[PDB]
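Heads up, the chain below is alone and in the form solved without the named molecule; it's given as structure tokens.
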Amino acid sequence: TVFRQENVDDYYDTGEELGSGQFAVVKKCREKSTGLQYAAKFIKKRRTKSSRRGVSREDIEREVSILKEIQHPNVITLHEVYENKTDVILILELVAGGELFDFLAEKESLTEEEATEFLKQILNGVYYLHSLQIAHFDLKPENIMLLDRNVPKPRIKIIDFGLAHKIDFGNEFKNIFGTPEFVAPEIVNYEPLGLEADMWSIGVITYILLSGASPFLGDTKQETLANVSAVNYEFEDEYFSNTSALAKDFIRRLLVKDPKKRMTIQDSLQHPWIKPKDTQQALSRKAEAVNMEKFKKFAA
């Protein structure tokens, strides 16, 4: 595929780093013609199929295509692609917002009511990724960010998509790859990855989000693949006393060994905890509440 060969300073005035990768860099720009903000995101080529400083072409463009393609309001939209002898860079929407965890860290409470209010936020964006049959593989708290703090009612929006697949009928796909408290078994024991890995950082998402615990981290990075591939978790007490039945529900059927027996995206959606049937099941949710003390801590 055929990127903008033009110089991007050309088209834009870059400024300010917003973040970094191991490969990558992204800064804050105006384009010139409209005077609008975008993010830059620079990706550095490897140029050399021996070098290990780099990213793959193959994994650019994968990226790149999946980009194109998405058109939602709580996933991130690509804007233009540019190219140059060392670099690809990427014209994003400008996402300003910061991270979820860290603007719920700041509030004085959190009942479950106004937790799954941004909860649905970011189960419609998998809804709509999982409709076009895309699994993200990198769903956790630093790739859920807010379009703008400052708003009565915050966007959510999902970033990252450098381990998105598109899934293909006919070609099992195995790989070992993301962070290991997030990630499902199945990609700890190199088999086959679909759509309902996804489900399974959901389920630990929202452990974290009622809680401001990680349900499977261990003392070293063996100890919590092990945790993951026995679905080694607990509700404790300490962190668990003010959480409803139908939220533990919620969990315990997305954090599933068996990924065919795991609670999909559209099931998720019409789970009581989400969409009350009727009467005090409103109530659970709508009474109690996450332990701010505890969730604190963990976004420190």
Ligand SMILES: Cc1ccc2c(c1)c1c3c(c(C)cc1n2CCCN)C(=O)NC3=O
The other form holds:
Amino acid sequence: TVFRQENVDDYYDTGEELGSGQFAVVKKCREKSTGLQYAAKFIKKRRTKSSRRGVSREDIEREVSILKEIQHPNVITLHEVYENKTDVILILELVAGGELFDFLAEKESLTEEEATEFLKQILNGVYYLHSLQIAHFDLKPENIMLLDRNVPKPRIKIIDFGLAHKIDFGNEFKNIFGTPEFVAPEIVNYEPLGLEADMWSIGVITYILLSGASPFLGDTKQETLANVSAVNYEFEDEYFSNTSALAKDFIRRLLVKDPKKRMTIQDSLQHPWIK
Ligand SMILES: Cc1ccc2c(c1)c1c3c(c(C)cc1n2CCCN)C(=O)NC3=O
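Structure of the form solved in complex with the named molecule (previous: the form solved without the named molecule):
Time for the whole complex; same chain goes first.
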């Protein structure tokens, strides 16, 4: 697909850097015509099959494709897409609030009820995504951003659709992932994937949201992958002493090895802990 060929620097005033990845850099920017602030994600094109650097066109095309289809309050919105000889620039909505977990670290421990306030927003967004048969495939704290952190009840936005996929009938999908600590066993054992994987991550995220401790993070990468696969974790009284029974039951119904037995996003919204 053909993207905007004009130089992004002709319509935007690129500036400060917000974050860096192996094949991408996101800089803050200001649109010249509106004076509005956005986020500029510079994805490095592979532009040479043999090369293991840069991202493949197919992968970029897919993220853009999914992004273009998204339109929900709890999901980042794609503004424009430019490209030149080396990069594909995605002008994304700006979540000036930064990471939800950084904002939370700056306040007194949230009550379980307040924690649920944020989690619900996450669920809403994932509810939208799964309703569109789209799996994020990379849900993790760092991808839970805040639109504005200087407001009564800050809004959360799910970002990074680089791993997102359009789950369609007819053909199974084997593997694609990131951080072991947050992926589901299906991903670890390269077994067929689906919307269930996102639900697993949700359970992992709520667990951290409540205890502040990761449920599967081990000493070595291998240990984590083994912890996740063996689906072994615990609600050690040290961290889950002030955690309701309903809270734990929610996490339990999500941290299930067998996908078909795991709670669906529809179920989670109806769970008594969420009410
Ligand atoms: C205010 C702020 C700070 C850091 C940001 C971002 C925004 C940010 C943004 C986006 C992405 C993909 C990465 C981003 N990062 C990198 C870190 C993501 N955990 C994005 O799509 N919008 C952002 O504001």
